[PDB]
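One chain follows as structure tokens, the form deposited in one PDB entry.
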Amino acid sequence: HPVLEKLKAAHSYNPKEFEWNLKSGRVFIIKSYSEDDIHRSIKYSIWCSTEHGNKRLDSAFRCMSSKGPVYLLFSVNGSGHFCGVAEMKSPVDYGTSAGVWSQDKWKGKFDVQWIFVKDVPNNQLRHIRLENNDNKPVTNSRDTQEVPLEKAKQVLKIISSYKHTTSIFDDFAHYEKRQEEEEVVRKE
């Protein structure tokens, strides 16, 4: 797809030399019940959470003061896997409707830069448990759950090294065709 070719040329997806051994940074889980929203995020380099989640991420970003990354670990509800990793790149705009999400409920926007676009099954990660979340596995997290830095390094090591066989890019043409056709229906 020509949209996908332009994305691949602009970004360095799935870097072989990624630094998982973070000396500083903040890492959060992102959940979505729309697969279409993941595609939009990749295409437009944006995300939006709940109001509550947007404030939590805004605070993290502003508090880092550019000294280290804010990483976001993406997983679709019920999918059984993570689908990638993006870095937060701007503070939050709280009111704006992006106008690309499946539902009108998502209000606000912030910039992201996708780094990993790869399916990593939950069975690669469920041994990593979160002490700030009642010792639950990292794979059983709600939206914007924070992953403590030592646990996040282990998670990032696994996501970087995993030899994936699928990703959301496999379906990129499908998302583009649906986005285009649905827009026609709305404008008829």
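Numbering follows the first chain given and starts at 1. If you superpose the two forms and keep the largest set of C-alpha atoms that fall within 1.5 Å, you have the rigid core. What changes on going to the form deposited in another entry:
If you fit the rigid core between the two forms, you'll see the Cα of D170 move by less than 2 angstroms.
Superposition of the core reveals a Cα shift of less than 2 Å for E19 between the two forms.
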Contents of the next structure:
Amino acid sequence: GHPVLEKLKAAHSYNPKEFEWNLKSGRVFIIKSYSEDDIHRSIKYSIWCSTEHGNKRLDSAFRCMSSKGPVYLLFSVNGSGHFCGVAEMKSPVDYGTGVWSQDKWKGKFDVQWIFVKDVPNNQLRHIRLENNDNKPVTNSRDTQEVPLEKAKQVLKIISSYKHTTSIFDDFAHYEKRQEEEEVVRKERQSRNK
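Moving from the form deposited in one PDB entry to the form deposited in another entry:
What comes next is one chain alone, with no partners or other molecules.
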């Protein structure tokens, strides 16, 4: 793998062989990401940012779960056909202060990435959310909460899946994307000044 990727894997325990999916407590939410660049940035820097309204929903869930159970986030990129990983929410939302020229977010919270692996939606499409009109979990919108029993089923399948690919297969590609976009925006800013 890419050498930065080598050290990221070294510092974290991605895709653990033993993960407790039969949660006694917790809250679980779907994250519908706009792009794989967000996911790549999220894994590299251990942070997430939803919309303004999604941030408020997740922040409130985290604060009502204080020292009482995990908040897990199940990640899927819009249009990708796959779930791409799982992280735990680890801080409240900090709405604090170049968001555009460096393509960062207008706020952030800490996440601990746990699973980084592509799971086809057809592997999960059979699980239905009674609190979303019994639609399949794979048709959820961003920050949809998953009832705990259904979340347990989804987490067992993602943890046990023997994936053939993950966003890590394109690590250098997403590094180059981010770098080139940052130069482009900096230049565009410069000329406008």
